[PDB]
Amino acid sequence: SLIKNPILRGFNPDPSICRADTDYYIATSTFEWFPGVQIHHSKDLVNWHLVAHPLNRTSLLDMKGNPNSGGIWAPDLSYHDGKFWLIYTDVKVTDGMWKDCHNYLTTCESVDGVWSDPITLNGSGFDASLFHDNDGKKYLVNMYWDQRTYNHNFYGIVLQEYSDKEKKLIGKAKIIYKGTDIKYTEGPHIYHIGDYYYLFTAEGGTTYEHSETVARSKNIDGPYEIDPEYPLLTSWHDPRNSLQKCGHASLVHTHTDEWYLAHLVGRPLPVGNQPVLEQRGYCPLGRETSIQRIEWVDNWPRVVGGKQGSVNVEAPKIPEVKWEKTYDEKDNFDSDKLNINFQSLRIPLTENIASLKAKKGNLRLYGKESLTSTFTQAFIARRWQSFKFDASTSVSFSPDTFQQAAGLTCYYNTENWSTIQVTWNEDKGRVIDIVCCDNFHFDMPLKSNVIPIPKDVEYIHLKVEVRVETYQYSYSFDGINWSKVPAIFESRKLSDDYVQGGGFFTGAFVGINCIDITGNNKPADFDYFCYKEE
Amino acid sequence: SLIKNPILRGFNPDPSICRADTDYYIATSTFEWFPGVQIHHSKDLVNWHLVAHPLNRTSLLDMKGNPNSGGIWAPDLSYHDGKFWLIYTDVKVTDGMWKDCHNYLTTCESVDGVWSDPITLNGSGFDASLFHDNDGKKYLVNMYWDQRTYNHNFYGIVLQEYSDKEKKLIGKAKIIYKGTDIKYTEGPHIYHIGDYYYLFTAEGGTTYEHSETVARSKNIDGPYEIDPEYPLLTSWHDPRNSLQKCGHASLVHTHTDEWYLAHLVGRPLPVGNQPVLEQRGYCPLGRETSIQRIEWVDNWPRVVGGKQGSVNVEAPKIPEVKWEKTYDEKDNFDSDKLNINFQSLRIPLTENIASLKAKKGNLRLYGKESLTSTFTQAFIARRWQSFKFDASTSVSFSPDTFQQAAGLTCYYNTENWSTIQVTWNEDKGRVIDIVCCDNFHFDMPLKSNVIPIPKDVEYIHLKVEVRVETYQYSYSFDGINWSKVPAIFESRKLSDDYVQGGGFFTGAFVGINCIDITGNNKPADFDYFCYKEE
Amino acid sequence: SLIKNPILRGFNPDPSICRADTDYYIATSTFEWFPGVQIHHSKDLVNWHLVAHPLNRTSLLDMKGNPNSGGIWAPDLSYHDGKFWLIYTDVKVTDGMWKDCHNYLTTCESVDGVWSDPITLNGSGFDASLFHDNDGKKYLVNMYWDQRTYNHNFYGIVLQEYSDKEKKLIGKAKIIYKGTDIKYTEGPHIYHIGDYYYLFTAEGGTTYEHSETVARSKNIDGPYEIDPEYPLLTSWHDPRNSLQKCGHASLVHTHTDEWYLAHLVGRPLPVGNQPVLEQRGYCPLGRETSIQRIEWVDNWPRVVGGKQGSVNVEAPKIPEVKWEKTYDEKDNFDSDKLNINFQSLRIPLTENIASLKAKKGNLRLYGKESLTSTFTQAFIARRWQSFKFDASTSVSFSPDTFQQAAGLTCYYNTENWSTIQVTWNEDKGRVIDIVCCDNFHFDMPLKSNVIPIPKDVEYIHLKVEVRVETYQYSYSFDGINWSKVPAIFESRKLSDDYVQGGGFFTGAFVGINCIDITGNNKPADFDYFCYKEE
Ligand SMILES: [Ca+2]
Ligand SMILES: [Ca+2]
Ligand SMILES: [Ca+2]
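Residue numbers (my numbering), protein chains in the order written: chain S, 1 to 534; chain C, 535 to 1068; chain D, 1069 to 1602.
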């Protein structure tokens, strides 16, 4: 069988792969999207399904007010002593001389279970990872941040013993490794294999310069020798490769005695007839997860097929297990549980923000704050996972002020989004309008040419057609006949590469929202949500 | 004798003056500074003292993660039916096409008591104010925000009945007034006096273009006719006047049948030999509160002495009552209660952040997040209230990493501050260092020329000398002999006028903090805090 | 009758008014536009006509390569000893800590005669002016530039005797006046009237803060006393006045013993429902010339009708004399003299750039450099002189590459313009296209939708309709039926107030050009040029 990369499409960065007997799991980072930490499962490493988000209660994860691309950075998922261990990081400051954050540990018998109250770790840097050694000792490793303005911020990798008995870090923390001249040394994981401790790190930063390198030591404290052939993984030198930004990896040893390496990538939109070294590309699907096969040479791991990483990869010798889709293309909102592929921003949804119970067969969003708010938005959304797809919904809404709007939205962060809305105007009553924000530049391109909605229309149908480099919205008053709204958007503008600011770590979403600035919590009822990839 | 403006110095904007029998109060806005809403008291309108901050627990005010210059905007303090009524606004979004915010009402029989849990009002704009009519009815007025990108955002003034019985706004909301051509129409207050309802509004924005205008109507919902002589109050046309930005006013009728108008102002640093129309000034003391005498002509109020506002103002006919200072110039941290002049950022202090109990005679700050964090800083500060002063402290601190730092800080917001710190270096051990941020540009100007601290020094004394246009830090190991540190700072860079971004609404502070990025909560012990104006 | 301001419409700044017996003249600045210095004539001060541009040969004026808004700044025209004297300034550096410039004197018996080769003066500042005293002595006054970065650049007014006999400045130069606290002291002119030397200066800068102030002395050297009522002229304090930016004035004493004051102004486009103090306006007609009546009070001049400047002004007691228009609404290019309302950029036109002698009834432009070049553009243009007008042309052109284009253009400077062009495309052949530049942001909004021109079309008609806040281009293949190009432009973007950079001193023009990058000098024949105001 063949692995066809990427294995986890759309926004799914920083893969932490972990084996539990013959089950395989990957944890990916979720940043401001709630509930936190995606966990996907596989039997064969080829086919994956989404199965859990452990961080689903305020006591585990409180991101109210968190900056864009703050919150959950690279997660670390392990399996030891018969249970799963999750190290996660809440990032509070995403730019400037500091990166204030807090690391925590939680555990659970199963990935989809009720995770334990969190244990407080440290905050010396992000990318915390829990290593379970073969002598029963446990160690936390993370990057150590140097805020000093005349120094590179990535001071190296710190190691400190973790005591499960005391439920805290113990002993002295030590810097064990400083990285290579590529720098941005982060993503540490340790593996004790045969004669060595192997320290895997990401380097170069999570852009086109991304890489993974491996160092080794006979003792856990180092010093570590660097692979003479470093990096292990990178496509920096090959701008034509389908998989770019190859780094932030983690290693798995299969029950079939084979070796695979999960890592993030970006897949740029077509760059066209433009300088291939200069214009490396825009990635609206964010950072995704791929897996490479590893072979060993002179006691160093090496990527089969070359450092750049390959698209089609020989799968492990395991019977094929494909999964049915975890969502319906047309979700009629007939269940009381919101589909696992939907997230909301920063905080748990409550019945005062969203309800599937108020009116059977509908999702009712009670209007809250605007698309620019980092507090409470009545907004659920799912990832773009293809460059070509249709998404649609229909909504009943009776706004009586321009302070009320409900609609379909393509969204990256609070200053990068577009939306088609049902809202209201003094002279025309209920109308369809377009609103967008392009790195904090706001526009309403239709101006007075909004589209009036007849009083007798109950559900207004709204659709977006995403077609690689561009996308466009349409509406329908009968669910059959659609009309195009003349605002065409560039997909590249909902990409990690385009958005401004220190945090550019998520990806494009498509979703539905209800805004009510007045405080009246006006309800909008959505009859369905469609997502269909082409 | 005479009132000498400003009556409330340093950061004290948006004055809401309120009479209760023969006591007078002014509430001012506090934004991200906690506890919220400053209330000062006076018998005579001449002498004022700081007495309360009602919003002092999370159930009233939850500002964790709030943007700079979000949180508490203009407050509204009234006295009716034997108790005080405070309307306040928590602003969550301070820039862009929306200004997401939430208005609330709380009451108390005394300004310094335990205020009631907040009643939820609306969010259609800020500057909410509660008007008690003489027929038992009550109304809320506030600005109505228009987010549409092709429109000015200030749509006018909205009115809605408030029901004390039902604990909520009732009936329909109505736009009662659209303002003049100066626009930015906000700060609405209604006064029913004789035959008229008078509607006061601030206009022009809280910059050098600030003003106040009065309109009147026979009925509460208008139409309102505008004073032919508008504005009531403004120094926009007079760049040389000592008081600038004159606006956002409230009216009081004294028990001596006299009329006074509290309003905000800015007092620029000397502009020097520079064009007086172009460089209107930098105000490191933020917006302060002044009060003018009012006289009535043809049933319109008029500012005695001219629209620009005067520094010296005839006092009401009340026996003078002066107040003891509300702080000591040298605070020895000898009491279990932190001085009323100190605030912290956003959230309640807890014993895990700051303690006066852990080591009596010291304030112990347990290190938390950096100076750039909008979450939890172990940082207490007080307002600059003069252009010339000294402030100093001494600190006992044993950092073992550059991730730990404690010191004296002059601070405006998370991207505008400077500090002298006890911290640590690999080669020199404990050292004194300088850090600063100038509109998100960071620097550490001493570079390798940090100042080693001898192992035997227990408390390191730190001082800032503020001298109008500039300020500079010094240190001492003995408390007697000071050494200047060669980094000279510009006071104008800690001013409303200098700082970048949509929220520029506080003012300069000086205080003491402790940072510990590691997560070890390393304690710094501060023996005293001095503040002495020259 | 009444004078109706402005008397000189469109780009006509810095008026230097001059009486010669019973003729009145006003010179205005022309910056990079050639030939230099516009001179208008009048018998009555009510009716004006454009009659001369003295600086019409390279020996007088060499601006090849000059920065936008460099070249000819405020001119100074006087009449004395039977002839005209013109002081002019060629500014080579328009931004930064210096304003490198050179002042010159030329003379002529008539304004439309052949002016003498220039006498080199000084360079210590711009705004040079020649004062002829009644004792036969003559003096140059100009502003004196201070480049020091910590100082305001406007050091005051320098005075130095000029010797007609020696053809140079003689003796020592002296600073005679430092200006008021408004600063930007420039535009000095001295008038010896009765017992005083009156020194008039512009202050505040040529923005909405512009003004004129008068000071006086019994001796030419000062000290000068400043008018207690200063300024003499300004509308800074009155944002609603029709005439804004009132300053940079000159005084005339008529032969009827009356006093008038020529000055520049800006007339902003409608600002709409926007804060009147904040958005003072965009002026696409640049800075225009107005005239006020002067009365004397206590030996100080005073502006009749108030300092702000009036639109309607009592005329002097002189018979009214009206002038024929100086252009045909439809210019058929039948004369071999290019119409006086046409200028070109920087350099004299030669028969290799533009010729009326190549084909009778056509203006042939031989393609040169792009719209972005400060060197050689084959481009002639006339001022926008109303907010509402049609301009059009028809062009015969056979481009065979996208490197060749000819058409109609609205133009402010090299990085602010738009144009409709006849050009060429690989797939479609000859095409109509649109190109624009918006503060150095370039766009071609039609993209691949360039408009094919049929092979048999010999003249392509091109037109712009300017309609206050917007304008739009159209074309016709038969001169009868017109098609609109779907692109709408904002008139405010061709305004002094919108353009970036240190020099913002001209105004919008409309004209015709031919570009040929290949070096083939391909000819474009223009059959007519229409300009009709409405
Ligand atoms: Ca349904
Ligand atoms: Ca003490
Ligand atoms: Ca012709």
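No lab work stands behind these hints: they were computed from the structure. The beta-carbon is built from N, C-alpha and C at its ideal position, and this holds for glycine as well. Accuracy of the hints is not assured; some may be wrong.
Said to hold, decoys possible - Simulated pairs of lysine to any residue, SDA-like, Cα-Cα distance not exceeding 20 Å:
{"hint": "1", "chain 1": "D", "residue 1": "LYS1515", "chain 2": "D", "residue 2": "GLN1540"}
{"hint": "2", "chain 1": "C", "residue 1": "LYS708", "chain 2": "S", "residue 2": "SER398"}
{"hint": "3", "chain 1": "S", "residue 1": "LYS168", "chain 2": "C", "residue 2": "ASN807"}
{"hint": "4", "chain 1": "S", "residue 1": "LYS447", "chain 2": "D", "residue 2": "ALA1555"}
{"hint": "5", "chain 1": "S", "residue 1": "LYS484", "chain 2": "D", "residue 2": "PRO1554"}
{"hint": "6", "chain 1": "C", "residue 1": "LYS672", "chain 2": "C", "residue 2": "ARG553"}
{"hint": "7", "chain 1": "S", "residue 1": "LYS64", "chain 2": "C", "residue 2": "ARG553"}
{"hint": "8", "chain 1": "C", "residue 1": "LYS702", "chain 2": "S", "residue 2": "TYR366"}
{"hint": "9", "chain 1": "S", "residue 1": "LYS137", "chain 2": "S", "residue 2": "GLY82"}
{"hint": "10", "chain 1": "C", "residue 1": "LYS708", "chain 2": "S", "residue 2": "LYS172"}
{"hint": "11", "chain 1": "C", "residue 1": "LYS598", "chain 2": "S", "residue 2": "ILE175"}
{"hint": "12", "chain 1": "D", "residue 1": "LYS1561", "chain 2": "S", "residue 2": "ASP135"}
{"hint": "13", "chain 1": "D", "residue 1": "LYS1246", "chain 2": "C", "residue 2": "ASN807"}
{"hint": "14", "chain 1": "S", "residue 1": "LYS174", "chain 2": "C", "residue 2": "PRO1020"}
{"hint": "15", "chain 1": "D", "residue 1": "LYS1246", "chain 2": "C", "residue 2": "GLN813"}
{"hint": "16", "chain 1": "S", "residue 1": "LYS178", "chain 2": "C", "residue 2": "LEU883"}
{"hint": "17", "chain 1": "C", "residue 1": "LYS706", "chain 2": "S", "residue 2": "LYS64"}
{"hint": "18", "chain 1": "S", "residue 1": "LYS447", "chain 2": "D", "residue 2": "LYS1233"}
{"hint": "19", "chain 1": "C", "residue 1": "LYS893", "chain 2": "C", "residue 2": "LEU883"}
{"hint": "20", "chain 1": "S", "residue 1": "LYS484", "chain 2": "S", "residue 2": "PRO454"}
{"hint": "21", "chain 1": "S", "residue 1": "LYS172", "chain 2": "C", "residue 2": "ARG553"}
{"hint": "22", "chain 1": "S", "residue 1": "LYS360", "chain 2": "S", "residue 2": "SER335"}
{"hint": "23", "chain 1": "D", "residue 1": "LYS1246", "chain 2": "C", "residue 2": "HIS771"}
{"hint": "24", "chain 1": "D", "residue 1": "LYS1205", "chain 2": "D", "residue 2": "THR1275"}
{"hint": "25", "chain 1": "C", "residue 1": "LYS712", "chain 2": "S", "residue 2": "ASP427"}
{"hint": "26", "chain 1": "C", "residue 1": "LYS962", "chain 2": "S", "residue 2": "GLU351"}
{"hint": "27", "chain 1": "D", "residue 1": "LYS1233", "chain 2": "D", "residue 2": "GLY1150"}
{"hint": "28", "chain 1": "D", "residue 1": "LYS1375", "chain 2": "C", "residue 2": "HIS771"}
{"hint": "29", "chain 1": "S", "residue 1": "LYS218", "chain 2": "S", "residue 2": "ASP135"}
{"hint": "30", "chain 1": "S", "residue 1": "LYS172", "chain 2": "C", "residue 2": "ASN1054"}
{"hint": "31", "chain 1": "S", "residue 1": "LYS178", "chain 2": "S", "residue 2": "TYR230"}
{"hint": "32", "chain 1": "S", "residue 1": "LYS447", "chain 2": "D", "residue 2": "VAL1536"}
{"hint": "33", "chain 1": "D", "residue 1": "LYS1515", "chain 2": "S", "residue 2": "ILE488"}
{"hint": "34", "chain 1": "D", "residue 1": "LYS1393", "chain 2": "D", "residue 2": "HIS1109"}
Stated by the list, open to error - Simulated restraints, written as ranges between beta carbons of each label pair:
{"hint": "35", "chain 1": "D", "residue 1": "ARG1087", "chain 2": "C", "residue 2": "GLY806", "range": "52 to 62 Å"}
{"hint": "36", "chain 1": "C", "residue 1": "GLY806", "chain 2": "S", "residue 2": "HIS152", "range": "49 to 59 Å"}
{"hint": "37", "chain 1": "S", "residue 1": "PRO454", "chain 2": "C", "residue 2": "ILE709", "range": "18 to 28 Å"}
{"hint": "38", "chain 1": "D", "residue 1": "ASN1367", "chain 2": "C", "residue 2": "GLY806", "range": "50 to 60 Å"}
{"hint": "39", "chain 1": "C", "residue 1": "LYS859", "chain 2": "S", "residue 2": "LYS137", "range": "39 to 49 Å"}
Hints the structure violates: just list their numbers, smallest first.
Violated: hints 3, 7, 10, 11, 12, 14, 16, 17, 18, 21, 23, 24, 26, 35, 36, 38 and 39.
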